[PDB]
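Here are the chains, one letter per residue:
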Amino acid sequence: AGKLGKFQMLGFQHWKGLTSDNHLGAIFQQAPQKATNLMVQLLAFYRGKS
Amino acid sequence: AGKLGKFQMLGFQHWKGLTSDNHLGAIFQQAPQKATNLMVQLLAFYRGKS
Amino acid sequence: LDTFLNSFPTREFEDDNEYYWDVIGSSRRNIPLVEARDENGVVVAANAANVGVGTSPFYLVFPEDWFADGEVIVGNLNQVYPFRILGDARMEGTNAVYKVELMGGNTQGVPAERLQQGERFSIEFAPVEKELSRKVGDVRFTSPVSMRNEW
Amino acid sequence: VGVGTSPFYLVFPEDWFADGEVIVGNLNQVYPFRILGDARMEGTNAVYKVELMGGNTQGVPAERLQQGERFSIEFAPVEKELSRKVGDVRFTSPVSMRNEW
Amino acid sequence: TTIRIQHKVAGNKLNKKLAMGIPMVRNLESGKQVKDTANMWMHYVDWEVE
Amino acid sequence: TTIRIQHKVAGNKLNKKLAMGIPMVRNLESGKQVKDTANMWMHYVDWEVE
Amino acid sequence: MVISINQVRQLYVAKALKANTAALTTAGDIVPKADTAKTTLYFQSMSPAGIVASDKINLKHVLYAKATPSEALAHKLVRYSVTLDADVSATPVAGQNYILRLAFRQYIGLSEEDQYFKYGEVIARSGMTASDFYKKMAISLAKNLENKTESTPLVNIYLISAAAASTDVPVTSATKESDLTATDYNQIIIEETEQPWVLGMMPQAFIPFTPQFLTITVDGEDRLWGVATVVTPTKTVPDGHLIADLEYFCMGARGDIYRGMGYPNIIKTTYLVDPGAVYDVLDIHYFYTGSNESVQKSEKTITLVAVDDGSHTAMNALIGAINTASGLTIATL
Amino acid sequence: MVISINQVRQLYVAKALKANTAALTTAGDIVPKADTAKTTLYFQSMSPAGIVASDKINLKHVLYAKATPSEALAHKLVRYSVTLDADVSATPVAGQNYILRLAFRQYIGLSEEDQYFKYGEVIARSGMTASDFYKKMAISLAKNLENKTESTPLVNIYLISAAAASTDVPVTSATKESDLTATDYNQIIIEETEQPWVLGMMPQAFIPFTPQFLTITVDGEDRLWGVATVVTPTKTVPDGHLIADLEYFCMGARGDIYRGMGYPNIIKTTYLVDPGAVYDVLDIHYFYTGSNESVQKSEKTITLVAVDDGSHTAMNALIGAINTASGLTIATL
Amino acid sequence: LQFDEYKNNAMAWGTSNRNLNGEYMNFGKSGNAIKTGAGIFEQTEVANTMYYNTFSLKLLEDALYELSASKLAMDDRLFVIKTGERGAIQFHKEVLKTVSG
Amino acid sequence: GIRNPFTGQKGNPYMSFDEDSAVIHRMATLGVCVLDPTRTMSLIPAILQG
Ligand SMILES: [Mg+2]
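Protein chains in written order, with full-length UniProt numbering: chain A, 2 to 51; chain B, 2 to 51; chain C, 52 to 202; chain D, 102 to 202; chain E, 203 to 252; chain F, 203 to 252; chain G, 1 to 333; chain H, 1 to 333; chain I, 253 to 353; chain J, 455 to 504.
Hints in this document: simulated from the structure, not taken from any laboratory.
Please note that the accuracy of each hint is not assured.
Stated by the list, open to error - Derived DSS-like pairs: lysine-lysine, alpha-carbon spacing no greater than 25 Å straight-line:
1. G:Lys15 <-> G:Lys56
2. B:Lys4 <-> F:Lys237
3. H:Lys235 <-> H:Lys143
4. F:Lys237 <-> D:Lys186
5. F:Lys219 <-> B:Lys17
6. H:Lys268 <-> D:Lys181
7. B:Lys4 <-> G:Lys268
8. E:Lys210 <-> C:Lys181
9. D:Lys181 <-> H:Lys297
10. H:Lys297 <-> D:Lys186
11. H:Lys297 <-> F:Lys210
12. F:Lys210 <-> D:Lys186
13. F:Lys219 <-> A:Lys35
14. H:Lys18 <-> H:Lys66
15. A:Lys35 <-> B:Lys35
16. G:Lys268 <-> H:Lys33
17. H:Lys66 <-> H:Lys33
18. C:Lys150 <-> G:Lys76
19. E:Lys218 <-> A:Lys35
20. F:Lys215 <-> H:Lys297
21. B:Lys17 <-> F:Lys234
22. A:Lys35 <-> B:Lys7
23. F:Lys234 <-> B:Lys35
24. E:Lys237 <-> A:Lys7
25. G:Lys297 <-> E:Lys210
26. G:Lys297 <-> G:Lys33
27. F:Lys237 <-> A:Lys50
28. H:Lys60 <-> D:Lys186
Claimed, not checked - Label-pair ranges, simulated between beta-carbon atoms:
29. F:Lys219 <-> A:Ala36: 16 to 26 Å
30. I:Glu337 <-> G:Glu112: 52 to 62 Å
31. J:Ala482 <-> D:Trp117: 17 to 27 Å
32. B:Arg48 <-> G:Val295: 45 to 55 Å
33. B:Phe13 <-> G:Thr269: 16 to 26 Å
34. C:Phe59 <-> E:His245: 49 to 59 Å
35. H:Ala103 <-> E:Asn214: 40 to 50 Å
36. E:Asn214 <-> B:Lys50: 32 to 42 Å
37. I:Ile333 <-> B:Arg48: 23 to 33 Å
The beta carbon of each residue, even a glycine, is placed where N, CA and C say it ideally should be.
Can you make the complete structure from the sequences, with help from the hints?
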């Protein structure tokens, strides 16, 4: 219940019973997905090569 | 300058000249590497299942 | 000096970045006691009388909600005074107070010095009636840590 | 003497250590001393501006800085970006003996 | 002697994948946390109910 | 008319990899950032001096 | 940390009381709102980015509403007074090795099987009094347990004299024999210490221990050397780190469940609890049931957290505003 | 907010100024240390995890040292006063459509080639005066610009009554002309607004603008109906969102460059700048030269920020502590 | 040769200079921090370390049995103690004194 | 400068300075990782702590 190295920023975590999405993101098991096919180029008429 | 939706995390960033390791770390291009074969199992004699 | 250092192998990396790995641990816990209260709410001092006379209800405060509805939990003296929980926890902040009982045929209660701060409690099981039993017991999870190094 | 990370001076009877080097006392790696310049000379004595390495907030005791403490060289650590020159090397010489009839 | 257990999950956890920022572990019968690689959350709930 | 340019990078940027938290972009002559999959920071320095 | 829930738990910070909706100007404000026919209670709170409200509590459907102080959520650091057994020998036997073991039980991981053992030792000599023993064994324990190299703080050890009898003189690994100058030391106190805490990642957890003694040869038998009794605690870990980790969890209920997962792209929720202040906690635990054949209940709880100044000024004014508005008899703490 | 560097730049938040190393007890303390020969200057400060000293400044190798007040670093928001062109007509000519094109130039993208336009339109009536024009023009502008469900606010609209002439009458999309009852309106003020800000991830940026007018057929002549002049600014964006970004960058030159990246596997840095408080900045720019042939300068700077309340109390005491220790002549703001 | 001793003295007798906030405490000549990481002896002495004044077999047998009963199986309790020449004589005198009893 | 005693090159196409001296510069990066420090047991004399 302490630290093994100097830079141990995580502690062992535990809970009981019904598990929420809040319980899963706090144990770092929920992350937003990247839509890799989705890419946005901002619309403009570029005139730098003019 | 501004946002395209309600939830935009980043604004565009820019700099001039000498790039340092935090110039790359503030544009999120410097991350620690996960050493996957290195793994620590804490030593104990486990007397469950006994 | 190098003959000392040549007993350790070399592991080869790609860059001079900080690296991290997973430290994995253990799971079999028990929970200390904070304080014990009788059925009218008075905190059980060490010089008090017996607390669970005639399977009277009384209370155990714990630093976290680790226990469940119908479970039998035991103190330092396992199976001598078994406490069966009655109902879910009433959360007094970060403090789960369980209304418990005394199983095992116990008539004259539990002594007051067996219900002090630092007394550790672990889960035995959750016994139910044979006819028209209602759901008891619950299920618990754990999670690991990580460590780090540099150059 | 090294509270926070404060400079203090170490007087040696010769110039044996170099700029940027880590040197250690009798309790070697508990208090590592970093050279913060060149050895400004006082006769044969060479005084060294010194700060402490490690995470040494407390300092170095005054009984670890007296006459007779045996110092040795460790290494010269340098930064990852825009590093500059540190360290030096050392040399020796032999002796002789004679006999008669 | 008749015993009973109970666990409740939300219906959001039917196919809930675990984006493991830290690895997800199983509690063994021995007491050891073993590292696991299945990404579904109900694989870990069914381990602890049994 | 005579002109000059200069740019200093540190020595440790020789084989400095980019970790790609965001995409790494490259400014074009037309005034449009285009995303690039080159892993080295010197690929983006050598485009800018040109 | 991650806490258990009775199907939900949502937390609101009561930094101030404004008594109507139009006075919500700074963040952290709270207004207990209800109607005249006391059927609905809710809390309009000023978030860091606008006015927000809570779930509308049906006042026939509350189960309990009891508020706890900040003195009931403070972990008391356990003490152990280590002395010489006068039945074995009142003074130290002039030859033996006197060894004391500290049996830690929740070293780096959660279980009682992740143990750690630290030691102090004194070679007793002739003419050594009982006070010079405790001067020499509090020095030996401090070099092992309060050293500068250890990854975690393990115990704080102290010496108590016979003249003072209550005041602790702290002995550290840098403490010398010439600093501890008293001829009337009568015990050694080994006290638990507070472990480090990182907000939401490393919870508040403690390493318990047990001072254990080894056996010395007195006459012909190996008698255990000493006796250790639990002394009543004098130092408590305050409430701030438990509540700051309790806002942080219950903020994910009304918000983003991933707090920082994937970092160019996070939604920075701003938290209102100071980790360096003590707080009072009020829990209204209610449910929902409809007028239909669906008569089962969905239990819910709403936590309100206000600063404690020692006389509970902010929470009792918060409790009293709920009592007039909603007609609930929350007990003044 | 990434900035440029000449070489490495370090920042130290001065939350309290002490006089000894021993007085450094709280996170944010500082003390300027020097010799009695004034040949070396460094700043001992209290980090959130102990005492840390700064680099050692050679007092012969300083280039400049200057202290910047808070009002020098406060962005003045740009105001534009839209009136009817008196040469065209001082009253609205009946039956003509009065359209105004606000030309935004640095909308969401980072260049002048990413542009955006918002319109406002008024068709004039037979008895419409100048004030009734400015009322309906500002109702139409705020209906288009300040809708609630836009992505970001762009500009603020303010009528001015000619009797008041110095108090801004705020016009929003919820504003009706039943609320605007004054009969002497002489201008429409359009003023840019402060964009959102996340520390490190979103810098402090502004979207500039110009009002442009379409032509009306006055007397058979297509004349543009109005003029737009830039009046003196009356609002300022405070310094706090600029210094917290200046600390978030300069805490990777001392601390961790990997901020957040593999999210639970990070070191988390504690930042001592409150972003809702103004600061004054002191830049001590200095260099290092080697012994014989290493004569190239390593030109670096040490930043110090002190929170200031109106009159610059904490910075002028910081400079006064540096000037008596270093022997420098930093001017006091 | 001197660069060879720099590499070996840093791999064993290396000391980290970073805070618990993440900040490094020693800055180079170019102002960038010196990011020193610890060595063999510093990284391994942060746990399971005993500082004894006099050595006894009652100490070391109890230090190695409470360790092994908690963590190791029966057939896994072989301990190869690395020491010096004087530590072997100090070991020899204690297991002589135990066997003489 | 003009000559290089480290190599033996008399004469210089690209001079660094005019002092007629020679300087050698070397650099190296290194590291040591100890995974678990609870799996090494040590007994040290008390005079070596400090
Ligand atoms: Mg060890």
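Okay, which hints does this one fail, numbers in order? Numbers 4, 16, 23, 30 and 34, in rising order.
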